[PDB]
Amino acid sequence: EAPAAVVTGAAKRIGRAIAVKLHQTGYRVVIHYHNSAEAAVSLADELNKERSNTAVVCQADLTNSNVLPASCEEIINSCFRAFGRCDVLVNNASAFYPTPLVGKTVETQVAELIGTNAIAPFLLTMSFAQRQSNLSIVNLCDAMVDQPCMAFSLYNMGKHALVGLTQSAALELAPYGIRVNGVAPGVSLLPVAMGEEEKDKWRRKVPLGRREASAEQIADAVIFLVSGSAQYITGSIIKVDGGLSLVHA
Amino acid sequence: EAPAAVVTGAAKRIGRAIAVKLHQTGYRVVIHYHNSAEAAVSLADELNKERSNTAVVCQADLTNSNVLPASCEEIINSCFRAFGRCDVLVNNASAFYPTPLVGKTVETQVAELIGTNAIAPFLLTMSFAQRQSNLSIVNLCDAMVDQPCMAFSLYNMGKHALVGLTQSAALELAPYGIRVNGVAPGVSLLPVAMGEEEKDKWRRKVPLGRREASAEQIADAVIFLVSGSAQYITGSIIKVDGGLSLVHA
Amino acid sequence: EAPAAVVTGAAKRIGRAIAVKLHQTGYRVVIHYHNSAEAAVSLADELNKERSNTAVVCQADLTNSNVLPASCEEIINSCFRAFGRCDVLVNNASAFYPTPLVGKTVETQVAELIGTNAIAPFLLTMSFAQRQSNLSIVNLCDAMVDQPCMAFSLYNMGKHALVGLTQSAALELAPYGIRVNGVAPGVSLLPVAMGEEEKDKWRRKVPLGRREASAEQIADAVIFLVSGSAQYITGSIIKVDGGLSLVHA
Amino acid sequence: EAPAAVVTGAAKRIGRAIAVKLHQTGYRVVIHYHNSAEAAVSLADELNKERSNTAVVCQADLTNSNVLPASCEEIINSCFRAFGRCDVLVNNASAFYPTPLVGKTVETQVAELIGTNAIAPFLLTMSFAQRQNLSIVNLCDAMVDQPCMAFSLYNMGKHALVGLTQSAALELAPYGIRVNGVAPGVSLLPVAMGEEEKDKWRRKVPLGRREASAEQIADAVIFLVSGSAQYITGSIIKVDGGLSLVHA
Ligand SMILES: NC(=O)c1ccc[n+]([C@@H]2O[C@H](COP(=O)([O-])OP(=O)(O)OC[C@H]3O[C@@H](n4cnc5c(N)ncnc54)[C@H](OP(=O)(O)O)[C@@H]3O)[C@@H](O)[C@H]2O)c1
Ligand SMILES: NC(=O)c1ccc[n+]([C@@H]2O[C@H](COP(=O)([O-])OP(=O)(O)OC[C@H]3O[C@@H](n4cnc5c(N)ncnc54)[C@H](OP(=O)(O)O)[C@@H]3O)[C@@H](O)[C@H]2O)c1
Ligand SMILES: NC(=O)c1ccc[n+]([C@@H]2O[C@H](COP(=O)([O-])OP(=O)(O)OC[C@H]3O[C@@H](n4cnc5c(N)ncnc54)[C@H](OP(=O)(O)O)[C@@H]3O)[C@@H](O)[C@H]2O)c1
Ligand SMILES: NC(=O)c1ccc[n+]([C@@H]2O[C@H](COP(=O)([O-])OP(=O)(O)OC[C@H]3O[C@@H](n4cnc5c(N)ncnc54)[C@H](OP(=O)(O)O)[C@@H]3O)[C@@H](O)[C@H]2O)c1
Ligand SMILES: Cc1ccc(-c2ccc3nc(N)nc(N)c3c2)cc1
Ligand SMILES: Cc1ccc(-c2ccc3nc(N)nc(N)c3c2)cc1
Ligand SMILES: Cc1ccc(-c2ccc3nc(N)nc(N)c3c2)cc1
Ligand SMILES: Cc1ccc(-c2ccc3nc(N)nc(N)c3c2)cc1
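Protein chains in written order, with UniProt numbering: chain A, 2 to 103, 113 to 142, 152 to 268; chain B, 2 to 103, 113 to 142, 152 to 268; chain C, 2 to 103, 113 to 142, 152 to 268; chain D, 2 to 103, 113 to 142, 153 to 268.
Looking at chain A on its own, in the form it has when it is part of the complex:
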């Protein structure tokens, strides 16, 4: 029968492309969302039109809190509930915004940026492993972590922690046959609130084609890592950045 995958923040943009490609590959999917209910259900409707009862949605805030472990457990449980199995976890949901060192309170920013990018991946990783073939986890990382955007220290700390989790969980879960890997975009789908001139500044920086990655190109790397063609691969983070991280200042 068909394997099942959980994709966090799967309603729009990159998580959406990932869930679509996984479904096209033959997976049943849990579309996790926080604020984007309409979009999440729209995607489920589309996927279920293709193959009946192969997509469900699951709401959760992934901000760090007292209830986050229970929320993460429920995300995994919804996959087992809907499909009787959970073969793939994709940690894609992510808050992204500046937190200058020199109005959300700083402790809220910690909760959101560190929660979404690191603690929730950790808790979902725990629950995914506890509840257990070709099982794997794919973490959406960031190819630019060592050359970070100015004033994004919390966001960067979140993504660095996710690298640590990817590595630690690969080592620890290997005995269980659970592989744990990452995909590290450089520039992909650009901010909605970014202006067109600024977009082109960034595009011009990419050696391979002077363009951002499509969400589908990011999804392609996820598809590889979950597949039978990556069965010896664990603890690896694959850059999908058109060479951007190689470009000096």
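Think of the hints as simulated: they come from the structure by calculation, not from any bench.
Hints are supplied without guarantee of correctness; some may be wrong.
[What the hints assert, rightly or not] When the alpha-carbon atoms are kept at most 25 Å apart in a straight line, the in silico BS3-like pairs for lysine-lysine are as follows:
| hint | chain 1 | residue 1 | chain 2 | residue 2 |
| --- | --- | --- | --- | --- |
| 1 | C | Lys13 | C | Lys50 |
| 2 | C | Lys220 | B | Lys220 |
| 3 | A | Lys218 | D | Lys220 |
| 4 | D | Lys22 | D | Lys50 |
[Claimed, not checked] Partial list, computed: chain B residues near chain A (C-beta under 8 Å):
| hint | residue |
| --- | --- |
| 5 | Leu102 |
| 6 | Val103 |
| 7 | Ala128 |
| 8 | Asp165 |
| 9 | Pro167 |
| 10 | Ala170 |
| 11 | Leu173 |
| 12 | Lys178 |
Quick reminder that beta carbons are idealized off the backbone N, C-alpha and C, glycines included.
Dock chains B, C and D with the ligands against chain A, hints included.
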């Protein structure tokens, strides 16, 4: 005027070694502690008998919470209260224990391991910089972050986030003339509860001398980074590991 | 028209598996070899029986010398002579043997280890680019490059230069639409001369499955990197090591 | 008696500052050079004026060839002949020029860039070790993962040097020989480069919008050879003003 330094978790072990060496170099010191009140007071007494009014203690829990920003702000405030300046911050205090993926609640484990190793350094860094010559911050990292101990994922995530901080904060605070660097021990002071046979198993693995780093050897690298001999150094992490991280399985 | 690929050191082992999978994928192939003449011709025979006129052999020594540039030129030329095009270069051929610091002269050891692992890849890369779809190069690197085997300094130097080449050529050849990537094995096909107790000692070290990578599992990663599913990927090295590089001493 | 150090390419620029600082720390020095005889001799005279019989020059081409192993052995031998001991080796000499992928022949560019940056350090390390606070410091490059366009052989040479630093650290540790690296970002700029282009680069550096002095590079070499770094091996210290942290 003598410069002043804050060392977190400075009552014993490596934090103490760093405070002492800074003091011997001519720094006035804030000895931060959490539980080790007797040892912190004792160390301060010792340093003050060497030079009068050159050391004060400062108690704070560095577990993550909504009050952690205020606590970190107060730690920096206490350096200015005592000495009228704050030249150096050393982020040494650190929780370290296993958190298996498959007692304390996971919420507490997250708060302690991520708070001490990452969030408190980030908040102390904000406060140190907000309050502002040879200014710098040294973060105590871990040379083994890419070959972590089994079942230490939250601890590892915390140390990886600290690397991210070191880099982000080096970039962002360079315009202010604040350098931000790391020292990464491999095996130094062994756990107090560890049996001699287990200690020797680890000692035997170290290429350079088959022994752990002394606390002073760790302090030596910290003292270099804060000195005028490191005035162009920022965003660097110096391994003090005797070659351990180079040794394959 | 079918695309064409050069695989160096393709007569046996991992190189052979790569040549076989490329061919199965629809590529015409140049089977480069040095001494394994019989095995190279035998492979070409096998592949040509499957689809006629889709495989040729090409002999060359890839040791560093003044004629190495011309030899590398001729390898690329042989691909054009046979197939009219050259879409993919796989830098697989590699000398591997200890060279302690404390019958071959050191001059020969340098020429062999640095020539095969670094200079030949570099010269092949020049020639490939100069003769110029989905064009790409895949370099066979080494996951253990930062945790090297004792007394393998020249080999390790070679593999390190190979990473540098992958990055530098990714950046420079991007404007030409040539992607440059790496696949980094941990332990795969074991040395011929190695005895069985020693083989099993190394197998025990691999977290994922306690065994070495098949040559086909290595080839699988090469296949991905050259595919249309990796079209935004350049300057990336994918570890295929079962988590081995994550294991501390 | 005083310890002794060999510094390669020590006649000028960064290697010169390294030799001067080592000398000021109390080392006797072998000032190796290739083409800069007048500058090397001028340095030796300055140092010997300071302390009699504490500096000698040693000429050698560090390009890769059949004779390079013998030349490197002779450089180490020179330190023993002058001073009776060799405590420190600094691998500083380096060829640096573009080699685009698309009058020197490429085999000569390989020989010069790979020989000076990698093979010569390896042979020198062998010779240094066969003869034995002992340490080796290799001059690396902080920008090796964000390389300059069309510098592939140079970049290959420096990556090879990181491999050597790690491999030799591991292998010579049982002998009490530590092996480390100093990785400048931008330090002393080419003499020929117009100020307009120098300042373009200077402005990229987060920490003070300037290049490293040769003396600041030397300071990190001085730390690594000192008693203060006695547990440090296989480490490479960036001295780059934050440059490698700056995205495109
Ligand atoms: N886009 C890029 O150029 C780029 C570059 C580097 C790395 N990446 C990584 O790739 C991944 C996807 O990128 P993206 O641009 O598609 O992401 P995105 O648009 O910024 O966000 C993806 C989703 O994250 C979910 N999310 C945010 N905060 C949440 C919270 N507190 N709780 C639960 N869910 C939350 C949101 O779901 P709802 O809409 O349902 O609220 C959002 O739609 C991220 O991990 C990102 O860091 C992207
Ligand atoms: N020891 C090693 O071999 C080694 C290896 C790698 C890295 N390191 C790094 O080097 C640094 C020092 O090592 P160490 O072994 O000396 O450290 P440690 O003894 O394990 O901890 C140092 C201090 O951290 C403080 N701390 C713990 N939890 C705290 C909390 N919730 N709030 C405030 N303070 C808290 C404690 O202060 P109180 O005693 O006052 O409660 C403790 O004395 C650490 O950052 C460590 O990660 C050490
Ligand atoms: N566990 C592993 O096997 C492992 C681990 C890490 C990395 N890797 C990397 O993966 C690749 C394949 O591994 P492998 O074990 O299959 O390699 P290998 O069998 O040791 O060597 C591959 C071929 O390289 C060719 N070669 C050697 N010296 C040459 C020279 N001077 N000139 C021209 N060709 C020469 C030989 O060709 P002829 O037989 O025709 O003479 C040989 O068959 C290598 O790059 C290796 O470094 C392998
Ligand atoms: N300058 C920078 O911004 C920078 C940046 C990153 C890394 N670094 C590293 O720091 C080190 C010092 O840099 P630098 O700018 O001072 O170096 P440099 O001036 O470019 O070269 C130093 C010396 O290397 C010697 N050399 C060149 N080719 C040689 C050969 N074939 N055989 C023997 N010696 C040869 C030359 O000696 P003669 O003059 O006697 O012929 C030259 O003076 C180098 O390893 C370099 O890669 C420097
Ligand atoms: C030029 C440029 C391209 C893409 C983004 C960008 C947009 C959204 C976004 N979301 C996120 N959770 N994480 C990111 N790293 C991210 C990055 C920003 C700037
Ligand atoms: C063999 C061995 C050597 C040293 C430690 C060790 C002891 C205490 C300790 N505290 C800490 N905050 N962080 C560490 N990384 C740490 C590590 C553990 C095991
Ligand atoms: C345990 C163990 C597994 C595999 C090899 C091994 C065998 C052949 C081999 N060839 C080569 N060109 N490069 C390597 N790194 C290599 C490695 C050595 C030791
Ligand atoms: C802008 C700019 C910055 C630094 C150099 C520079 C000058 C000389 C130089 N020599 C050398 N052996 N290695 C280098 N990496 C180097 C670099 C050149 C141009």
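The hints, checked one at a time:
no. : hint                : result
1   : C:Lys13 - C:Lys50   : 18 Å, holds
2   : C:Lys220 - B:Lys220 : 18 Å, holds
3   : A:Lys218 - D:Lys220 : 24 Å, holds
4   : D:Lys22 - D:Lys50   : 15 Å, holds
5   : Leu102              : 5 Å, holds
6   : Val103              : 5 Å, holds
7   : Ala128              : 6 Å, holds
8   : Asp165              : 6 Å, holds
9   : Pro167              : 5 Å, holds
10  : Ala170              : 6 Å, holds
11  : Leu173              : 7 Å, holds
12  : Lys178              : 7 Å, holds
Violated hints: none; the structure is consistent with every hint.
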